[PDB]
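Rather than the whole complex, this shows some of its chains in their spots.
In order of appearance the chains are A and B, and numbering begins at 1 in each one.
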């Protein structure tokens, strides 16, 4: 039949099971609800999508913990967002987010962020700007790491063009890891639908990204060393993430990834609504911070 | 006499929100294990196997799911709820049927202890059949706690809850040992001006009868602060540093049960299986074939 065209990207946060890897610390609750310093882990990737201009977001979690995410985040109306929820009853790979989220995505562009990924740095809005404005193909970011063998790894030719992707190579071609933020056009659901499980029994995002690379439609932007990309894969790195955020916030008197603040600065909520959000937390430092936002110019 | 244990892992208000909006803080990790493993381990080191866990109504199933009936660790665990956070002394009303005619010990669910000869420091406390025992610890900020005043001879002469002008820098820690009088003492308490049933009022009732032993927990012990986001982080880094230096874990309940002979090598081996692919199960397996002094 005839369609009519007259595009506005949706977000997905994958906040499912990290298995038994961090047990016993994660036996009672999902990793993405653990605090990083002063706020739940999922605030950080949520703030990243909000900074990209994305207001319609799907949170994917385990059946057990979906109510906890819903109690925390609600339907998003308090922050000028619309949040929906889906369950992932078995952790079958990152690319499953597109099958789980097929009806949510519909015919729109999308962005996937991992619920345990934290980003920090200057001009990040503009880094997210470039990817968000590409209405065709896929956009990912590459970041120099110590241990690229843990990640999807990008190989560049002498001219700096991305030429191959390898998932967890034993002998990485570079130290550039693909970060856990991915922008896709309308092709991604069909690409994901045709994936077959890897030997590990997982639907791999690296295979989705290679499909775009083979089409000549993968943009790989470098996220430079002046940004911090942290992912909280071990108890040690979780502690380090906490200390990192605390050092920054206590130095600056500003918070990293405060969703209320980002919504207020994006003009998705106004002063009066921000005042209402501050009221219940008025006796703790978080509520006091929200109140200070109303009567301070921050450049 | 038998001494039963109680862990009070109740509601911390909105003080650490939004970090604790989704889950009570005693279920959050300090480094590599749930916070509640630490006070549970303190009770187990004191020789206590029958333990009541008190939490909010919402989070009890999460404590029940986490720890079970205790049989896997040679423990006998029970659960109860504190509907509203109306004072630590409420633990003894909630736990009255659990305690019965036995001796008791209460530990706060967010308190972490570290140091040498803790098994022996708890032992002296545990073996007193009469009176109550508490521990006093020198802190920077005594006004946050129950504060002990001593006379020139070193005798405890008063207790004040959150004094505006503290009489000393010695705070009462979150571990309390009680004889058979405590339930009856708790039952006669009235709410404070702040509206709570105060453990300090329980402790003063013992003090007035000369039945409160206040032992100093020395500066060589760590009693770690988890009252702020800052202190939470510091405690994690503290545990991290010790464990990574030593290759030994702090407050591993499976290990403590094994060393107490509450479970045998065959049971420890079964416990190590599920987590065999990560650091915790690996640690438990190594316990079977290493002598640790």
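The rule is short, and it goes like this: contacts are C-beta pairs under 8 Å (C-beta built on N, C-alpha and C of every residue); 3 or more make two chains touch, one makes a residue touch a chain.
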List the number of copies present in the full complex, noting that all chains share one sequence and 2 are shown.
4
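Definition applied: only the chains that are shown with their structure count from here on.
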Note: subunit B sits from subunit A at a C-alpha centroid distance in Å of 38
Subunit B-touching residues of subunit A, taken from the complex the two chains share
20-29, 33-35, 37-40, 43, 68-69, 71-72, 235-236, 238-239, 242-243, 246, 280-281, 283-284, 286
